[PDB]
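Just the one chain here, laid out as structure tokens, in the form deposited without the ligand.
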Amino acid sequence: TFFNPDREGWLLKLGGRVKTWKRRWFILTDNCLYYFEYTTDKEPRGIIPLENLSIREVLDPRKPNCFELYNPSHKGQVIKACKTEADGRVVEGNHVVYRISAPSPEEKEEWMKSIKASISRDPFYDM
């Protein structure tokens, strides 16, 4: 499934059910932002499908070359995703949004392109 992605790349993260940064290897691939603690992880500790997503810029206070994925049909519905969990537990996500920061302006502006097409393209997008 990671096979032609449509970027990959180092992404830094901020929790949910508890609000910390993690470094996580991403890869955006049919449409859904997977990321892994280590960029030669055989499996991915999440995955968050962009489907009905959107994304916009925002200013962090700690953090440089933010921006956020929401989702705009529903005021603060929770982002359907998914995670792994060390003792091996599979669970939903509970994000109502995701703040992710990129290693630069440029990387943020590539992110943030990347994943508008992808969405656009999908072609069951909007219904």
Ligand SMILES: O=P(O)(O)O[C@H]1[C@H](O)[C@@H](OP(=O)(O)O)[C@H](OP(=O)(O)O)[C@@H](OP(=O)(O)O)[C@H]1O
Given for the second form:
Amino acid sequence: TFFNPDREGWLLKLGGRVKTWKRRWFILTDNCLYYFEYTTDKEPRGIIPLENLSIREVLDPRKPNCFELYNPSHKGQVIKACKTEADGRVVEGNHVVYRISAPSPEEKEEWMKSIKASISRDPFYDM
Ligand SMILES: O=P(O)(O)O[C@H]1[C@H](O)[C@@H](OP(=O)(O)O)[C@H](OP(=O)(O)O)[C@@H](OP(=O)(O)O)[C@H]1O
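Next up, the form deposited with the ligand bound. The previous block was the form deposited without the ligand.
Every chain and every other molecule in the complex is listed next, the one we just looked at coming first.
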């Protein structure tokens, strides 16, 4: 699944119910954003399918180079996603938005472009 990735790199992500920022290694592939706690981890911490989502730039009080993934068709609608819990649970995400912070302005632009291209490339886009 992780072979032939569209982009890989470190990004800071804001939590769902609990609003805490975590540094995660992201992998964009198969029109999904997989994230890992550590780069060499065998298992992803979570997966965010990009189908039906949009991206928009945002300004954050503390974190620079931010953007958000959100569902444009249904405001306030929880984004379909799946992640693991320390106790072993595999559960659905609780995010209405995914606020992400990139390491640099350039990396923000590259990530936003890669994600948008992935979403548009999907043959089942807007269906
Ligand atoms: O560690 P604490 O301070 O509790 O914060 C956690 C982490 O930010 C998790 O991120 P990660 O999974 O990358 O570790 C996040 O899961 P998401 O991955 O869904 O953002 C949790 O979201 P909730 O389960 O919605 O609270 C949030 O509670």
